[PDB]
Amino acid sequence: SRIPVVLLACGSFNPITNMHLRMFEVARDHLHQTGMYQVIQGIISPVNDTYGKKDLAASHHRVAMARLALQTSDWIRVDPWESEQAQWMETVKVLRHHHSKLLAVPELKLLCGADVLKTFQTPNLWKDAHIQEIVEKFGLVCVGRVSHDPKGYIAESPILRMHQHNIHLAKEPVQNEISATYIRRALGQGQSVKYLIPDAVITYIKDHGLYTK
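Isolated structure of the chain on its own, the form solved without nicotinamide-adenine-dinucleotide (NAD):
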């Protein structure tokens, strides 16, 4: 039979969008169609508030919006652990934590866009030891993005290439037109974002006056 799998998505989810959710569904259908995996759960892990140099709605609101957005999902849930930590954590550490939480144990894989795969190649960005542990001890399910050639990223990277069997490229459209950056700008100008992000998230944004300019 099949290897049980849990999908983990890291990011700011500022706010979570229809596209971020779409990614899980495409990743799950892809892993199932290989006939050797059974995705048993998805986890949305919003980044903690100390991260980056770009403003984010408070983690409290980002976790709430993800929870509201996931109410109609019977397999994806938001986990606030990462955002509740005192400080920002490297991706590999969130994976270790959730892996330990699962501990004939399911394989925990990082769900991301092909653009994340390109960042591995950025100098001073990732510790090679981290890139390796991620693709070797956990795995990557990358969903395509216009302008990116995941296959080329994999072939040109010695580490990815050696562990490419742990990198699953999901080939199926995934709403690459909506960026959360656009969603925030539209909200700031009083424009509608309905049908781009869940109705329940729009309601929370309105009720709590988020994303105002």
Second form
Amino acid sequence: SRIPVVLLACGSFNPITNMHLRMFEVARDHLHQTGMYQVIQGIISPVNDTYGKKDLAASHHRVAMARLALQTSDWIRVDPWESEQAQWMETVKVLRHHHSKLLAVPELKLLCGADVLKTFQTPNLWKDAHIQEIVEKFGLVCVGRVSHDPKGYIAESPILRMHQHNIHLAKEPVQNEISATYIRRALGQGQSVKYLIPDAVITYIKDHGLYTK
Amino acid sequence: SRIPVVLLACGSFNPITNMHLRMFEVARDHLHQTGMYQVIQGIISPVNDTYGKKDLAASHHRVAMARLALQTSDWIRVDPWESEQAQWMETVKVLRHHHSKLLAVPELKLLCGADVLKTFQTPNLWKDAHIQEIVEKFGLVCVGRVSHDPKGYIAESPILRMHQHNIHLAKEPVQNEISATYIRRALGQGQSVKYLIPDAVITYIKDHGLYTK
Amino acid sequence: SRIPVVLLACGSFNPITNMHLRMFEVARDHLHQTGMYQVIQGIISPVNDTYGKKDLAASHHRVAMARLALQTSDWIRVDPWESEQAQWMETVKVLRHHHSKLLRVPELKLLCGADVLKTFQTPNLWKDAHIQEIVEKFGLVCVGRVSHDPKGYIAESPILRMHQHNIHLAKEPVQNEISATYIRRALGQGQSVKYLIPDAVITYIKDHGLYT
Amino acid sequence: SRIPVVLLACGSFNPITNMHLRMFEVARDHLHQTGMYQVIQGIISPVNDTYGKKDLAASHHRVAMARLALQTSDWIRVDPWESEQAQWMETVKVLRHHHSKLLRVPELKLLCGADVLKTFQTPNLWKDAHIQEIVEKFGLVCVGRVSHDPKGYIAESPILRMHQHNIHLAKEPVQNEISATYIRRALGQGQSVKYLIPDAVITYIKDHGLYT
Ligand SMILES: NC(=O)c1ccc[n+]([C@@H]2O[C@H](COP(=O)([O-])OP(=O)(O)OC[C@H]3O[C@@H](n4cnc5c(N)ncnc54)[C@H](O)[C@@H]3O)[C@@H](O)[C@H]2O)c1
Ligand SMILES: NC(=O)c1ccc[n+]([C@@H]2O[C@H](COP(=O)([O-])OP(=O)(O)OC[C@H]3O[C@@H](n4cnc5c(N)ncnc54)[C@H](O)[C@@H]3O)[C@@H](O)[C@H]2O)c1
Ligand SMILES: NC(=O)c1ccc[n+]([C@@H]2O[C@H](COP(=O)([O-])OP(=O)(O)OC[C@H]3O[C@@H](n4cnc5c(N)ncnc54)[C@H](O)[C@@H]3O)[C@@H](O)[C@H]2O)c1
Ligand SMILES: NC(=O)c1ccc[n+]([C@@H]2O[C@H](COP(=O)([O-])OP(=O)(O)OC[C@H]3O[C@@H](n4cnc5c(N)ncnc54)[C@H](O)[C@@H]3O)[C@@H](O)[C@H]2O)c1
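What's the form deposited with nicotinamide-adenine-dinucleotide (NAD) bound like, now that we've got the form solved without nicotinamide-adenine-dinucleotide (NAD)?
Now the full complex is given, and it begins with the chain already shown.
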């Protein structure tokens, strides 16, 4: 029969957008189309507030916006564990945690856009051993993005190439490069972002006065 | 003070998508940003069933899907008058009708994507006199689309150039080229189109068995 | 053995751009990849000056620019026959013309971007009999373009879906949406279009005062 | 009178492509449009071979390809200084080097795509003092790219927003997203990349067996 799969998306979700959500749907249809997997759940894990140089809305709000965005989803939920930790946590550790949570066990795979695959090449960003454990022990489902060539990223990285069977490249013939950075700027200018991010998220942002100049 | 404006979008809406909806929002913010207009309403007018060579879902359903898509909009409504006529009607006639309906009168403008502006150049598609009345007596608000250069379309058409003050070019720094043709194909294959078109529209399509192979 | 193929691209080429050229390369690689064909020649056929409601550069200029653009190509050539006819000609007639020449046998296929497939749906634009002859007698090689879904255009066309064996969809893994309308506007504003169209074409345009 | 400007693009150029070249043309036109500057020179500075976790073609090859790509440019040149250093150098040091040479005065500005602005946010990638020196001592000219919002990157950076007078956002009205990674993969598969990168660069690549 089919191997059960849980998809984990780690990211900022500042705020969660229709594209972040579309990523799950495209990935699920892709895995199902292979004939060997059955996606039983998706998890949105917002990053901790201590992360990066960029100023993010409080994780309390990013978790809230995801929960509200996911109310019309019957298979994707937000998990705040990662954001509730005292500090930022390398992605491989978040995978380990959720794998333990599942502990005939479904395979847990990291879901991301092709741009993340490119960041694996950034000096000192990801430890080689972590890249290895991510693709070998968990798996990667990557959704295409304009200007990125995942196939080449895989061919040019010895670690990815060696475990390419555990990397699933998905993509849809659509162009949807709405950036959350633009969303925040537009919101700051009083412009509409309706139909780019969920109606429920816009309501929360308005009610809590988020992303103001 | 500001000139009141009603935006009319004529099209197939087979089915209405998040991009069709985004078009209204981008256009409204653009007109408001000029400082001289106040958009008070938007109208989605699905095309008649006798139109074109392409097979469209019944207008009864396209009107229903738009109504449901617009339930969370406080300023855009669907108007079935055009689709209820015995036969297809040139766009200038639909504008005339809605102008009469409004009859200190707000300006009624045709809302469309830049690709429509390009179709004005198609032999025998639009009567020169209609193109003229559309831009001169009503107005055009055009939203940018990848691969189209509205500014050049305007410069190269003597009629548009002469009335360019009545043509408003809007666009947002986003890439969103999701085609309804892809939506229908995906739906026909059992794939998800969630987050590309409204949740309410997907529910109607599923409940009424639309767009099946 | 592989089937010999000649690719014919009909269009304005006002002016020819790197995108138009790229279309040939992608189509050829796709056809060779199928293992069933051997593309032996490419033909750029600029449209006549009476065509449409547009002020196009004179046909002899568009032919000359295409020729310059193709100097570094060892398999694509421009053919002025079509532009040199007294009047505009439906595309199927251009295919028939070039088919006859080939006979004086390779298969002749129309080469176009996905957007062209969408124009097949435009009321009164293409005669149904002509769409049928194109995909039934000849063939169609389509290069993808952003915002277009060729697979859906084919499936929804009662004529195209019955001839898929003669339709070849070559996907463009790169994003190359450079509009010739934009090229003309930029040129008219005195802005650079270098690296968007061939250097020799830019020079010709300058020398002859085109698009000013 | 207009302020003399020299544009410096640091990058892999593995290999140089039509997009990299287009970036210079768009930036120059944008700067001239402001009416305040006169771009007098463009400089392509390929990165050293010790840089990053990537198997890059040898620096002398990337320099040679850039030189060939630029033969038809009357204002852009490749400078191998950087690639010829014993080790990789932070970009601000390359700017200082080229600034000194200019002195042996024109303003030297870093030229990059919008994506570079986003990398400024990457933990430990760029020293804050360096980002400050780049936009405060020199200048930054950014060319738009699909999926990136430079205006937001600037507004959200406590360093960039304080130096907007020295940041110039040049918008790319065309869609030109051709990945050098894709170019390399296509080449390795024996597929054409003609019209995506200069002909002379393709020839050099073939002659020297690069990307096989
Ligand atoms: N463990 C490590 O060493 C290490 C190093 C760097 C980053 N990280 C992790 O990586 C994450 C960084 O997330 P982020 O700030 O980029 O998240 P984000 O909110 O910007 O995006 C979330 C996800 O959406 C995808 N996405 C966004 N727009 C898309 C589109 N249009 N199409 C397809 N996919 C799209 C992104 O690729 C990403 O996978 C964090 O969880 C961080 O902890 C880990
Ligand atoms: N009066 C005439 O002579 C004449 C001739 C031809 C067509 N028409 C009219 O034109 C309409 C044709 O509509 P259609 O079939 O193209 O409608 P459609 O459903 O495909 O699209 C509706 C609108 O959405 C815009 N749009 C779609 N995707 C977009 C995106 N990603 N970004 C921005 N805008 C986007 C389109 O430009 C269009 O204005 C009909 O109302 C028809 O009656 C009139
Ligand atoms: N026989 C008929 O009934 C009929 C009806 C309408 C048009 N036509 C013919 O169709 C042609 C119309 O040509 P045009 O004005 O669009 O020519 P054009 O110069 O704009 O483009 C020529 C070709 O390039 C392709 N192309 C352009 N940019 C591209 C990109 N970025 N990526 C991929 N492909 C790209 C186009 O799809 C087209 O196939 C003429 O030859 C005309 O006679 C025939
Ligand atoms: N000093 C530091 O701390 C530091 C840290 C990281 C990187 N760097 C430097 O940054 C550079 C990294 O270069 P790279 O590997 O990205 O080079 P690259 O060859 O990929 O590209 C070079 C330039 O082209 C631009 N570009 C590419 N495709 C484009 C397109 N389609 N449209 C517009 N612009 C486009 C890129 O944005 C970039 O500015 C190196 O010089 C490196 O030393 C410096």
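Only residues modelled in both forms are compared. For clarity, a rigid core is taken as the largest C-alpha set superposing within 1.5 Å between two forms. Numbering follows the first chain given and starts at 1.
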query	finding
Which one of 175, 38, 41, 157, by Cα shift of 2 Å or more between these two forms, core superposed	175
Per-residue CA shift, residue 124 (Å; core superposed between these two forms)	1.1
